[PDB]
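Engineer: These are the residues of each chain, in order.
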Amino acid sequence: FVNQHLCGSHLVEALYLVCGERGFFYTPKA
Amino acid sequence: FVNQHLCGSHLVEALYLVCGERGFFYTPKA
Amino acid sequence: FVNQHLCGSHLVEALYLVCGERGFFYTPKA
Amino acid sequence: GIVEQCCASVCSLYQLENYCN
Amino acid sequence: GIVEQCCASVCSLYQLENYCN
Amino acid sequence: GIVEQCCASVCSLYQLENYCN
Ligand SMILES: [Zn+2]
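Residue numbers (the deposited numbering), protein chains in the order written: chain B, 1 to 30; chain B', 1 to 30; chain B'', 1 to 30; chain A, 1 to 21; chain A', 1 to 21; chain A'', 1 to 21. A prime marks a further copy of an entry chain.
Next comes chain B alone, as it looks inside the complex:
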């Protein structure tokens, strides 16, 4: 695997691709 720069709605896709059936939490800082 390679090191990725991920920003946006593009990232959460990788959260789904990585996770999938486990589901994830998406926690930005605001």
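It cannot be assumed that every hint is accurate.
Stated by the list, open to error - Simulated DEER-style distance windows between Cβ atoms: (1) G1(A) to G23(B): 35 to 41 Å; (2) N18(A'') to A30(B): 24 to 30 Å; (3) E13(B'') to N21(A): 22 to 28 Å; (4) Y14(A) to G1(A''): 14 to 20 Å; (5) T27(B') to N18(A''): 29 to 35 Å; (6) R22(B'') to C20(A): 21 to 27 Å; (7) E17(A') to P28(B'): 23 to 29 Å; (8) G23(B'') to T27(B'): 31 to 37 Å; (9) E17(A') to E4(A): 37 to 43 Å; (10) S9(B') to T27(B''): 19 to 25 Å; (11) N21(A'') to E17(A): 40 to 46 Å.
Honestly, the hints are just simulated from the structure, not real lab data. Backbone N, C-alpha and C fix where the C-beta goes; we use that ideal spot for every residue, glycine too.
For chain B, the structure is supplied; the task is to place chains B', B'', A, A' and A'' with the ligand on it using the hints.
Structural biologist: What follows is chains B', B'', A, A' and A'' with the ligand alone, placed relative to chain B:
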């Protein structure tokens, strides 16, 4: 709902997600 | 057709949309 | 316009409804 | 955090597994 | 190359056909 920064092909997705069955017009300035 | 600025995972989509059944090669410089 | 405002600043989904048919 | 690190610097898929349930 | 030119400048779909098999 939250305020979004949208740019590109990423935006037109939100146009589909917002609109859907109504359809939309996509009008950039050029 | 119009001239596009393409960067990222967004691009490879256009590689699929352009190519499709032919398949493509994705060759970045690193 | 929307494309410019959503991309130079932020816009809301309510503003997006304006361009649905 | 991840959102910030993947977006200010680079992160790996191994780091992403940490936020799966 | 294409990845760099489409991402540093603009490219056209005709240029993309060159990398289909
Ligand atoms: Zn993007």
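Engineer: Against each hint, give a clear statement of whether it holds in the structure.
Structural biologist: Now the hints, each set against the structure:
1. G1(A) to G23(B): 35 to 41 Å: For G23(B) against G1(A), whose Cβ atoms are near 38 Å apart, the range 35 to 41 Å holds.
2. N18(A'') to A30(B): 24 to 30 Å: This hint is violated: roughly 44 Å between Cβ atoms.
3. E13(B'') to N21(A): 22 to 28 Å: The hinted range 22 to 28 Å holds for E13(B'') and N21(A), with Cβ atoms some 26 Å apart.
4. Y14(A) to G1(A''): 14 to 20 Å: Distance hint for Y14(A), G1(A'') is violated at roughly 43 Å.
5. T27(B') to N18(A''): 29 to 35 Å: Because 32 Å falls inside the window, the suggested range holds.
6. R22(B'') to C20(A): 21 to 27 Å: The hint (21 to 27 Å, Cβ to Cβ) is violated, given that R22(B'') and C20(A) are roughly 36 Å apart.
7. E17(A') to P28(B'): 23 to 29 Å: Check failed, 39 Å falls outside 23 to 29 Å.
8. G23(B'') to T27(B'): 31 to 37 Å: For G23(B'') and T27(B') the Cβ distance comes to about 35 Å; the hint holds.
9. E17(A') to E4(A): 37 to 43 Å: holds (39 Å)
10. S9(B') to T27(B''): 19 to 25 Å: holds (22 Å)
11. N21(A'') to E17(A): 40 to 46 Å: holds (43 Å)
Comparing the model with each numbered hint stated earlier shows that hints 2, 4, 6 and 7 do not hold.
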